[PDB]
Amino acid sequence: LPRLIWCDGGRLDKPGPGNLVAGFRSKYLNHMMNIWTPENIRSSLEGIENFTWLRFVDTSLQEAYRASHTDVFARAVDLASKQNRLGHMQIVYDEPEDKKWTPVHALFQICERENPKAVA
Amino acid sequence: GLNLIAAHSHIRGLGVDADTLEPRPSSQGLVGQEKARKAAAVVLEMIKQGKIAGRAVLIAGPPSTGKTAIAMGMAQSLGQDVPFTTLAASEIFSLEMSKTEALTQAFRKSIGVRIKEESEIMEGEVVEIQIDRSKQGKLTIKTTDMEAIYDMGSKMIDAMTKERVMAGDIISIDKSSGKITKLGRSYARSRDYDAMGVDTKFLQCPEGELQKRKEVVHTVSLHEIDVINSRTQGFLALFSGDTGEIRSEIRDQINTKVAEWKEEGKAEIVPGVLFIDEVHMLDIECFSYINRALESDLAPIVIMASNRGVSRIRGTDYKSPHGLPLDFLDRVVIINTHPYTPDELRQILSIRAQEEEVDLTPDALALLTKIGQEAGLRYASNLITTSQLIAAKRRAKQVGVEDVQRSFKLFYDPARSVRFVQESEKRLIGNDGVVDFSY
Amino acid sequence: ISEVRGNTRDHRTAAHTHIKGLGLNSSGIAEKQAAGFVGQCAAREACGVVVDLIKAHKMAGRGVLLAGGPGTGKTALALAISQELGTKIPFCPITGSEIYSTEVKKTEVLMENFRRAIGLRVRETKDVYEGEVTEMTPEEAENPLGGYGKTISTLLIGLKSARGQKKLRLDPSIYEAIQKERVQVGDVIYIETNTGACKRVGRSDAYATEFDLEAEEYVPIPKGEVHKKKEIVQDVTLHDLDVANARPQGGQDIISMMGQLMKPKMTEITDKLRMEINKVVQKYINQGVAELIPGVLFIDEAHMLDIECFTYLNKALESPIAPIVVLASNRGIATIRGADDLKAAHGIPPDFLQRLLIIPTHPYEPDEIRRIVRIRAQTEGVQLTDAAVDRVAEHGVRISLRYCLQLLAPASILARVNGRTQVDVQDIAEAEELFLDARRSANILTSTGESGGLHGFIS
Amino acid sequence: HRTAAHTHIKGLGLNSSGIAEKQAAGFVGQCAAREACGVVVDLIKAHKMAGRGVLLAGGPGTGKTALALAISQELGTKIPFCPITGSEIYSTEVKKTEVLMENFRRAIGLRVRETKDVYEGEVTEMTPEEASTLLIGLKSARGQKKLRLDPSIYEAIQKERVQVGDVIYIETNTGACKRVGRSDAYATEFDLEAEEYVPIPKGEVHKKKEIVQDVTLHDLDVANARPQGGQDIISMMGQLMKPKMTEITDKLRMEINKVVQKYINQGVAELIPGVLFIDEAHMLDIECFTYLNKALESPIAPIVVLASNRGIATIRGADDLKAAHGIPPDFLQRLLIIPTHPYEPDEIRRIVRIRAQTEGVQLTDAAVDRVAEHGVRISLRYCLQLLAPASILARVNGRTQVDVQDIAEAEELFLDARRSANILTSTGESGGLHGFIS
Amino acid sequence: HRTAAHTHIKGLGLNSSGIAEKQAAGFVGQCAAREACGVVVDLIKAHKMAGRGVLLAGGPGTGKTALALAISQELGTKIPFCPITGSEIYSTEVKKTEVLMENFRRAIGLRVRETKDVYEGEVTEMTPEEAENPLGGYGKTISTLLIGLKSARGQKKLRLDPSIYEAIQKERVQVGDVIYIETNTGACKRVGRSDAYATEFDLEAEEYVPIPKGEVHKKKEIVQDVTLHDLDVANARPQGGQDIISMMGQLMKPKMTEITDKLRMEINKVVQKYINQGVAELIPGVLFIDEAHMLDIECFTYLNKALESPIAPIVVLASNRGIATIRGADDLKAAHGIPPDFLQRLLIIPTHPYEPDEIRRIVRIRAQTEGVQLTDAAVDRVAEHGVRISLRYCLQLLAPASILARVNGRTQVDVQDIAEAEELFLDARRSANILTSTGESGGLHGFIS
Ligand SMILES: Nc1ncnc2c1ncn2[C@@H]1O[C@H](COP(=O)(O)OP(=O)(O)O)[C@@H](O)[C@H]1O
Ligand SMILES: Nc1ncnc2c1ncn2[C@@H]1O[C@H](COP(=O)(O)OP(=O)(O)O)[C@@H](O)[C@H]1O
Ligand SMILES: Nc1ncnc2c1ncn2[C@@H]1O[C@H](COP(=O)(O)OP(=O)(O)O)[C@@H](O)[C@H]1O
Ligand SMILES: Nc1ncnc2c1ncn2[C@@H]1O[C@H](COP(=O)(O)OP(=O)(O)O)[C@@H](O)[C@H]1O
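Residue numbers (our numbering), protein chains in the order written: chain A, 1 to 120; chain B, 1 to 439; chain C, 1 to 459; chain D, 1 to 438; chain E, 1 to 449.
Because the hints were derived from the structure by calculation, they are not lab data.
Honestly, I wouldn't trust all of these hints.
Pulled from the structure, derived: some chain D residues nowhere near chain C, Cβ distances all over 10 Å [stated by the list, open to error]:
1) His8
2) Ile200
3) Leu240
4) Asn293
5) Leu415
6) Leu424
From the structure, some residues in chain B lie toward chain D, with a derived Cβ separation under 7 Å [unchecked claim]:
7) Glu128
8) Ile131
9) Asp132
10) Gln136
11) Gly244
12) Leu389
We treat Cβ as the ideally placed atom computed from N, Cα and C, and that holds for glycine.
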């Protein structure tokens, strides 16, 4: 390939002289006008607004923003650094008086909090 | 803004005397159709009470008789208190999933789970961080109005390091999670640098107290809880789609858990409406699923509209009324809309002319009302905005008769277009592909 | 945190909410009106034997057909079976429409639902120590190893639950888990005796005030005994064992982890997995540690199955571990969905029809309709005058059972918006005019849609 | 420049009153249809109306696609014009309604103005100044400048392999940076190194430029649905990792509307609703038209221009239903319909002259008359195709202009479909050795 | 050992003059067709013409498939013979014209000499050296590995590239292992423990292997047989490097892809260079499309392009159909079920139905091949069924009758055993009469129609 195509702005995503679109579009579509940035999510976090569920899915605004922007390999590495603590609660919070206790910030994480595997 | 003037923008509610459900002849944008509007108001009372599960209501009638207008009016007067999922029947034909799977989703979008929550959240601009790498440390953080020093635990210092927190960052700490979010930088720090990273955002500093605590009400559909549980970060699929055919033992387990949340008062269930517009585009396999789906304790009320006469049911070769199986119609009560009278047309044209802010002369509205009687409501409605643009080329203040007349000659109504096709039989391409390009 | 809703917790009502059972004597004879049923006495008696067949667990892959016109109570009878069996017996209802997955061949979908309908009950003992960690304390060994700075012979852990305190004299090797799990004093943990390891549940909320900011979720102290030994009963369908084997869940590698982050498509599981599962399941049944619970697969609108589905069910029903399959159909003489030149009764292929016990459901007499109206009214909580019961039942006879039942909720509203708690003929006469039936609406299509040029129906 | 079929059409050729000139901007005739298209232009430029539908209807070769392209140019480049054929809707990758929905949003534009603050120079210094903030010194032939760097753009500069003596480009507002090379003042550090030596920038080291940037609502959808570009490196494996189109949910499109409105209120972004043109609209099936009923009723929706050349024809996907234009009658009620009529002999002569002088072909007037006869008797579209061959034939005969002999020679070399149909008839007498396969 | 339908066919049975011996190499008759198939064999061995088509046209059971199998044996194992049915073209993963091209390129062989340039030895020492990446975020990285390899004859210390060290990590190498490092790929293979550590007292079944003889560094010459399709596939879904794409390509599900003509023309140039370098020779072969009537109008249209390719193989089609409808072209009927257009490209070898005495002779060849002894009355009786019913039918009786004979203790099949086989095992037409006679009545005992 000629460097005009492969290096000097024949690739649309890579910014440089002779690709003035790419640097703008990178900032605005991934940060400014991006629904997943924490400043945008926090405006919609309530009521019947579109991120209302976020309160209960066991993830932070920072983590929601990370998962929207990193690819499935990078996310899978981050997932290595995590613990099946909702599965351990199934071992521990067990009696009727424990009332199947679940962290309210993990309330919608239903199938993780109860499945046969952890008990087995 | 983004909300430009659309076809149903004038419909602001159902227009009924709420204590008695009697439709007022013209109010909230709806005109006429009192029998249909009263039946729609009774359906609202079933919806708002929520005790009745899985009624199906079909709104039937000729084209341009308010079947969508009435369903939009119900959405406007039901209010965001209750889910109102609007499904075009064409959308059920997914490649990502089964037809019945796509319907199972649309049914569950229409049932809300409502939770009321106290969240305790600290947000402020970071003044400084101190660490005793002798672990412990102190965070100094401010609003415009308050400032404090906080003792940080070691795990908090680790998380602060991982988030690369520095002075001038706006951060939030969720006390329940114990998790930091870097929200951005204060506008006061805009002068720190000559070049900024792509990911950086400026904010106003937080304001009021630091450790705000708020009563929040959350309304979440059963479909959202499905998609969240479908896979490890399924909440991403809420936006991209990409759910697949969510396995039923997930849905059964979610339904069981939501029943506990109601029993314990942790949540309330908010049944809503699914409106399936142009339902005759569903096929025989769809209707068979919907038969069983309506018979469920967590079914919404389903409303649907059709304009078909006796017509072939899709997925078979016999005809039936409305295009629907008689087996299905046995579960449905039917609301019929009717054609409008000339005086009801005159009002609807006035309502539309107001929304588009067009000043019709009385004679323009008269002529335009005749056109709507002769050529259909939508056609006359389309000539309102057209005549405005033609009058503006005259720099005229009001739409005159001549502007409606010129709009009429330039734009053919359907009946005049169908005539034009017949007179052009051999120059247009027929159903057998033959055409003659010669003069 | 969550604000509890304290006011009311009443049930919704749906088309079958009145059906409570088959309504049969101890002799199995049907009572003319019981458990919400009216009539169908012969069909209820036959379904009563079906319940006894299922509950006896003797037989595999028997087929039943419910046959009869629309509205004749076929799905009501299926729901009554599910209630007679109770929630311990698996009950997997589908329509024939649900088989046409886009992800897998429709015979896999049919076999999935087929093995959802088979339950397995496994009894095991759970045996764990639990608490917040009150203390961790090494004991030096009496014979320390040469060249090593410390030799530890025991690692004492104090565990506190809400109900007691215990000093666990653990084997020293648990140091591995404590380091890797980062167990502190005050963290809630369990130790499982089948491994001797430990897992960290979290930090006890007794310490939630240690700092102004900490990245901890705080968890309550366990409200059980400090030592929890008990038997636990696990209920799984054999489909759960299929998926647990074909899509293993716990994998630590990059490919497993990318897997669990992507759309989890179902896959056309092999007969040799299912057969290998069956053979090991049968081992544990013979050991007596598991018991098989054959349930019911109910296929509604079974006329929507095509001939490829039916020819597979032939094979499936012959397998030794199979549910009872209940079909329901209403299609008279009809074309088989996949064989456009074969017409048969019920729309069921004659080859397959020979397998089924067939139960007919007949139409309802006018007096049965009237009894159902009252049962349905008292289920929706509507109060009627007796003249209103008669007028409603007249629509049931003249038009449809379903139609007349559906007017009760509209009429209830029109009554109360006139200040009346009891619905009367004047309200029924308004419900029936706001809400047409299929036939009166079809008459409008014939009359107003007599032409289509404008203001006519699209046809 | 190249010459496509419509390159002579510059615009609708309307007067200030909106009356069509009998011949202007490359059109001949269609005055009624051009005037009606002029009103559609006003509807588009008066930003206030969503979801108005238009139909162009008339025979093949009567100028429907010329009229849609004339609208596009009267509308200028600012406003989105999104042309598709009804045939493009049949993706194998998402349902037809998603393909229509994506094209609805490609027609709605959002204009932003950035002041791009560009620094480009040889790196003179890279000194840390924080516990991490740098000072970068940049040099050009005209001076030096030092920039305090945000810790994150510093990492961007560090992921590029920038060192002292390199030439770099920086967008200090967007946070983009590029290594252009190593400055050729260092070209003799060694006699061989695998390095790209470039001259020091001769201009000002800092440049400020006004850029008007256009995106569409669909670009926002795509960007919010999935990690894009260099964020999604694993996409290189293909198979499951390919950036497939997905069935974007309304929940996503509603969040994008909300976030976009925020930036409109702040005046950062300017909304620009445009046109979706669906040519060959009769190729849409009954399920597509059903969705277009709903889709045109959202309050953000472009103006949709259909074209059809069908008479009474079966609706695709609904064999029982026949209607005019091949458009189901339910949907035809919504549309403003413009008829396009057949051209007359003298109008054809005029279109021929316009096409000749657009292709640069010079004709004798006898050649004009002979070509125009073929438009009357065969097809306008067949006239115009003959001009380019006849120009070649003329020049190899050494002539400076096309004449009757070159037209007559071109006619014989290049048959129309009517004469070739006569050949198919006379030769297709049998499946024998010389027969066409029937 | 196992005997199939064609186990007696050994070749075309031709003279050096190219004339069919009336019974040779397992054949009886088909002499004109065997002679034509001889000329096809010689067209292939000449390896000079691309893209010539042959139709074996003739009724079912007339030996069309036997002849194609005989061609394969006359060509021998050097030449690619690629047999398919038309039913195999209908992949779900890729378009039907893709599997045509794959099979066209499986029919073209290449023999190539390859130099493996390789290191071997017992690993004596192994020591990593590291880079202090400041701001990559992934932490430190190993910059090289130093490894000591010892053979019987000599020793080296290698400073390996990081991507070759990753290969050693994948191979779980330790000090004292014997390893192989192919520098072509950068792949590493662990051969075993050195025999110097040979001890019973390890729980795992280690391969204790002797120290490599010769130098640590070697060059091996290997002659490889590949097809063009193997090269296409290798380069479409790469797996040979130690880069990250190759690494992950070994973990993802195998998947066919619609390999572009750009890749195929590029691989022609690669192979042309091996030819010009003298390391390779082209071995163009033959694609046999059995059941070619099961192709469709899109396949046949594609062959009109594909057979024009200047390296296309020889294509042999078999069809058993008279005037029949072309699939996917339901209005068009033509002889053989082949479009008239594409039929003009082929040389048609018609095959003919057998005479009673040829059938009798086939029965003996086939009986000898299955290893079963018949009386002449038995051979005559079976031959009668070959005449009256079908050759295939009469040959199917030999195996049943042998068992039935052995069951009575007689080792030789006689007429009573065939007489029993006839009644246990019906032909298609006796079964079709049972259908029709019973099909007079429905009810419980009717056949389902
Ligand atoms: N009763 C009504 N009051 C006000 N506007 C109406 C009424 N009925 C129809 N319209 C308007 O006329 C147009 C066509 O009616 P609509 O209900 O959308 O058609 P359909 O009857 O085919 O569903 C829409 O713009 C709609 O808002
Ligand atoms: N014997 C009965 N007693 C009480 N209610 C019945 C009876 N049969 C039917 N119903 C009710 O009438 C309606 C029609 O019955 P359903 O089971 O839906 O008919 P089918 O399944 O045959 O279409 C349902 O609402 C059902 O609950
Ligand atoms: N009124 C006109 N004046 C000049 N050129 C025209 C006119 N109408 C059509 N053309 C040209 O003639 C050709 C045929 O018209 P086109 O618009 O493609 O037909 P269709 O209506 O079938 O799409 C095109 O090259 C177009 O540019
Ligand atoms: N000339 C022959 N000599 C010996 N065996 C033959 C001959 N022709 C056919 N057969 C055998 O008879 C059977 C039918 O021939 P086959 O090639 O399968 O027919 P088709 O043309 O249908 O492929 C095969 O077992 C084959 O080996």
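Taking the hints in turn, this is what the structure says about them:
1. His8: 41 Å, holds
2. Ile200: 45 Å, holds
3. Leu240: Given that some Cβ of chain C is not farther than 10 Å from that of D:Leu240, nearest at about 7 Å, it is violated.
4. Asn293: 12 Å, holds
5. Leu415: 44 Å, holds
6. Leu424: 37 Å, holds
7. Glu128: Nearest chain D Cβ about 12 Å off; hint violated.
8. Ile131: 11 Å, violated
9. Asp132: 16 Å, violated
10. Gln136: 19 Å, violated
11. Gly244: 11 Å, violated
12. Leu389: 4 Å, holds
Of the numbered hints listed earlier, those contradicted by the structure are 3, 7, 8, 9, 10 and 11.
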